[PDB]
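Okay, here we've got a single chain as structure tokens, the form deposited without D-limonene 1,2-epoxide, with questions on binding and movement later.
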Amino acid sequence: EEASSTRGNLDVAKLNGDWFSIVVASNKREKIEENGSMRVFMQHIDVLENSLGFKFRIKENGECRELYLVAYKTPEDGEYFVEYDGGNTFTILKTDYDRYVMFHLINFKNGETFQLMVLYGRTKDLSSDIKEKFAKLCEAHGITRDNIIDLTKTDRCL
């Protein structure tokens, strides 16, 4: 069930399909809050050649804009790169394939960096248990419980 890009046992092919944004967490809270560039509402993940496509929505000034970004696989185990509001490096932290997927991302922009962690579910919402396990990993990565945001209660541009 559980796999991981970092662990090196993942089967990225199975990540293909629709996903929804459930919980986002970042210590640089400004980014995941209203009008934050990282507060993205995922929709679908495409598995392409040496890369992943992400179709998602974002509320830019009270208007849900539809976007699509391609992330490329890099030579370092499990790392993907995507240019978005800086240079981003992310990995697939944990996944069971048909329920959830936890991504861990680091952002670089003008000398600064920040961590970002997201939980995606194949359903509009997920098990309270899944959300706890995720809440823990955030803490295990320096992100405080005050910076973990549950997007299921808000408008995910649906």
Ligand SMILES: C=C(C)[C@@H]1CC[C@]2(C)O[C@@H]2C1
The other form holds:
Protein chains: 4
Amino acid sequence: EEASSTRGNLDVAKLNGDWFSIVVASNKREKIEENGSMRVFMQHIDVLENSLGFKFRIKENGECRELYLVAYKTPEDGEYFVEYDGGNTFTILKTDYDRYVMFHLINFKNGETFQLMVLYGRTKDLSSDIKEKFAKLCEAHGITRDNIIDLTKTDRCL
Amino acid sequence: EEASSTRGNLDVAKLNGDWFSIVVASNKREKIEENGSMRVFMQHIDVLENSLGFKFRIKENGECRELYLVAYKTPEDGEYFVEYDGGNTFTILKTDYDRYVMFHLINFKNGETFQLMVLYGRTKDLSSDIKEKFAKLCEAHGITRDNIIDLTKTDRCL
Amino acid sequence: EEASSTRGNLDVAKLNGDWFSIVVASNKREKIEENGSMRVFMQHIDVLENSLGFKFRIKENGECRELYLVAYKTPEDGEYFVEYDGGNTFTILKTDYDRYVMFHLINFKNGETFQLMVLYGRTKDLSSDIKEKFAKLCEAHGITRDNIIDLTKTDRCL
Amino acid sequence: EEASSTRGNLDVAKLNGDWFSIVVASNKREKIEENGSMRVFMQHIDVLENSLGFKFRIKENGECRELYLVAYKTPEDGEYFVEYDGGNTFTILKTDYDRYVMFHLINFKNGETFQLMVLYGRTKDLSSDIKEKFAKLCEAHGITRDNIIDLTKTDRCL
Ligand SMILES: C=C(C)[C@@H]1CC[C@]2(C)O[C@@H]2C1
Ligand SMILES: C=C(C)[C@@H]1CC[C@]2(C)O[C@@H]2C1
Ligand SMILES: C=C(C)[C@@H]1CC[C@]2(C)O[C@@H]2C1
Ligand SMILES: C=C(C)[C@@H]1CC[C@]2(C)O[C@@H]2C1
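Write the structure block of the form deposited with D-limonene 1,2-epoxide bound for the protein whose form deposited without D-limonene 1,2-epoxide appears above.
Shown next: the complete complex, the earlier chain at its head.
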């Protein structure tokens, strides 16, 4: 079941399909709150040539926008790059393919950098076990529970 | 004088201006020979917002093409990303700003990866000391002298 | 039922969803034959902000590639732009939303320009009436029947 | 001397080099005032493969940003496309190559469209004859003198 990019046994092809934003976390809370550049409502991941395509809605000024971004695979094992509100590097922390997928992102913009962790799921919501499991990883990565936000409880531009 | 991105004391702003391709090296020689995707003839580097712009000519099918690429700064110290003939990551190995600049690049395309090192200079040519100094770094990075090519001796789409 | 972009009554939002490549036509046949830059096997159209996203497979060197392109709406009524094997301009010639969609494209690359017409359908194939109807429009646009190719008869990277 | 894209005798290659923003005009004044998406301070035009590269500074929130945009040539004679604050189409209205260049742009964003005309010059300023000549063309294109702004009189992120 489980796989990671840092383990090399990740079959990226199975990540293709529909995904929903379940939980976001970051010690740069500003970024994941109402109007934050990172409060994304995932819709679909496309597996392309040495790249991943993301279709998602983001609410700007109270209005949902339809955005699409292409992330390119880099030479650093399991790493992907994407230009969005700065230079972003991310990796697939863990996934079971048919339920959840956990991404760990590092942003860079004007000298400063911050981390981001997201729990995208195949269903509009996931079991607490998973959300709890995610929460634990966020803390392990230095993200306090105050900066973990459950999006299933709010509007996700649906 | 000297500065590097891996030392953090790099003032990228001083890299702005005109640059010429002096020497290229790679153990994937195919890439740096006549018609190789990497046999680039640098012209100008633009320092932009969290990115670097490169204007260069590349000879395809005996015809010089005018190309421009934007590389984005990543969260990994001194690293930049650029999509060109695959996913590329590179860093400024060493520079004195007013004469030379040495770049170290790692390419990724369809599972395989190769290294590239270039000696871009502010004048159509550089002293042998420098070329020798570059050659030594290429070898230190596992690049044999047979794969170091002096472009000042050939046509550079000038 | 029927709508066009040149009639202004086109509800682009209904073009969202899955589409298949049924028939391609162009008097630059080279472009639509085995290995041609235009022999695309459509998969999905995404309606985005003032743009359209296309997910399609194209067979290069006997190997199917997963590609995604974003086309931007232009000020010229019903026109969209997309950079792919040159500068492309296209319009939705006709559509009934639930079955077929006909696109007319004009490519530009290195001084020369050529036309392209495609019949993308919601099912792996369409009735002959439609294919015949398409064929007639291709001829009206100066495309001879020899340059109209039925892709349902060949491999479409499925 | 004089040439236009609508006359087909335009040698785009001679537009390569440094350019300064002399005068901007638009009946969507909001766009060309302090903080307007169109109040651009041109720096350099790069002639590339079926495209034009623009390096310019734009003052956002009192801070000058370094931006670079690539515009692609389209099949419509003399027309170029560029995605910036919407879909843009533009043409070179008139130029003498060594002094001035006049661009006419049409923007499209969320159903609405507006025109823009710019007088980019090779020197920090141009003779009144030229500015007057430009002003006249702006009026001919329905742009009133109140919406013509002389940038040489203000800060141009220099
Ligand atoms: C990392 C991801 C899965 C993508 C790209 C980066 C961002 C801001 O998080 C959104 C979706
Ligand atoms: C690395 C660089 C300086 C740029 C981008 C990558 C490539 C292939 O080397 C050319 C110029
Ligand atoms: C025109 C389209 C529908 C898209 C974009 C252009 C191209 C080459 O035809 C493919 C798919
Ligand atoms: C049209 C141009 C010359 C370029 C691109 C469009 C814009 C907003 O005007 C700036 C510079």
